[PDB]
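Protein chains: 2
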Amino acid sequence: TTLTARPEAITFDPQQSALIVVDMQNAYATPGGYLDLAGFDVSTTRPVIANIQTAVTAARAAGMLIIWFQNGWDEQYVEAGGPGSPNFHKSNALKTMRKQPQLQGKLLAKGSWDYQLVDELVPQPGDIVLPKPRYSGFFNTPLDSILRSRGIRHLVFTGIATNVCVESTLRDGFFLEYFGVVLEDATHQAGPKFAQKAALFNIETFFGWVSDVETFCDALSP
Amino acid sequence: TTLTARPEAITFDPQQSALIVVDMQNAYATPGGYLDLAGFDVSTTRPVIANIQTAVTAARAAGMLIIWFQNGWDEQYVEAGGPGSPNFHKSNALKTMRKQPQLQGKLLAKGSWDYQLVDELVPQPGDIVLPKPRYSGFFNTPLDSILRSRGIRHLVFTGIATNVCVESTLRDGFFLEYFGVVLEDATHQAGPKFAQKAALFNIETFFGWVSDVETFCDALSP
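Chains A and G, in that order, are what the protein sequence lines are. For the first sequence, the authors' numbering gives the first residue as 2, with consecutive numbering after it. For the second sequence, the authors' numbering gives the first residue as 2, with consecutive numbering after it.
Bear in mind the hints are in silico, worked out from the structure with no lab data behind them. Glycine residues also receive a C-beta, built at the ideal position from the N, C-alpha and C atoms. One thing to keep in mind: the hints can contain errors.
[Stated by the list, open to error] Estimated spans, in silico, between C-beta atoms of each pair:
#, chain 1, residue 1, chain 2, residue 2, range
1, G, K111, A, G106, 16 to 22 Å
2, A, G106, G, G112, 54 to 60 Å
3, G, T3, A, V79, 26 to 32 Å
4, G, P102, A, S146, 36 to 42 Å
5, G, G64, A, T12, 33 to 39 Å
6, A, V79, G, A10, 25 to 31 Å
7, G, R149, A, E215, 43 to 49 Å
8, A, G85, G, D75, 49 to 55 Å
9, G, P126, A, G152, 46 to 52 Å
10, A, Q125, G, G152, 43 to 49 Å
Using the sequences and the hints, build the whole thing.
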């Protein structure tokens, strides 16, 4: 399958490629979630949810593995790492809960609403759901093993945030010799608009390839 | 020792810390080198070499291990991975050499001038110089093993490029539970100016701490 993309078109076989839906949880996409309560602009994630639903439909019809990432930890946050982990000190979820103890135990907490995938995005049997503890899905998980067990070498990245979990999971895949393509209109950034543009810049320029849902679906139909 | 930084000051013991000089080779800092030849601006790097000198002489006075990274491959680029590696297809150096074949073997090649550390930066006995085959210092090398063996938990990042080898190595540092510091004025981005800004927003907001060389030195004075 030949997929038009920046910096150039690339070839991938759907049946040895995976569509990764990164962290489409209430935390990252819904008003009133973690990222919202932490001050980020999530007021525009309605089209990203639809696009992901459109790309999840196409890839599944094409025989690509669907993988869902859910980022977060136990409601005690043992898994977030104690004061001895840089994660303890940089997670903005932990920052919000330490600032807002009412929220303590809820942001990114497994089993909770914040942690739930948004209502519109429902995994299907045979999909892989991966709980990851850190932004990159390639650290601390069976992700690499899941993908290699199936000879997957191409990854089609969606989700939130384009500069944080998406691009860490893409860069780290590049270093594990995965070819990564990012569907720009199926991602959203954490931070100002330039964070979106620079993640697609850094991905396009050094790590991988940028395409869109429309080009992605169209190329799958054969 | 506290280091004033954004988004807040951090405490670290410089004897439990290392300063990493990421890829301050002619390829990434000297005009006529790969980044210049590739079309990235390298006009503004003279002050980065001086700030890195200042930081290095400061770190070593405080007992911090100094780690120099040299990026690149063998002269026939077998180590760059062949067509099965995304690195073969994304590497602008190889792209730049495929465009200009008079440059075959010149860029990022061991033995080449392009691969040498710039003349102004001279590793001293004591330092560790590490080659790395990919953007990130942590994949494919003993970097992690070296820092564990000395009980280091704090990395202080200098070099080029902020958005890529520097940011990827700090990012993977985070995921390996190191606290990452970048001295913003001892770094230079690859790409437009907004690739410096955005890399710093990302380090600062999600992955670690941002400081600058002069603050760093004042923190090491006692």
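Earlier hints that do not hold, by number: Per hint list: 1, 5 and 8 violated.
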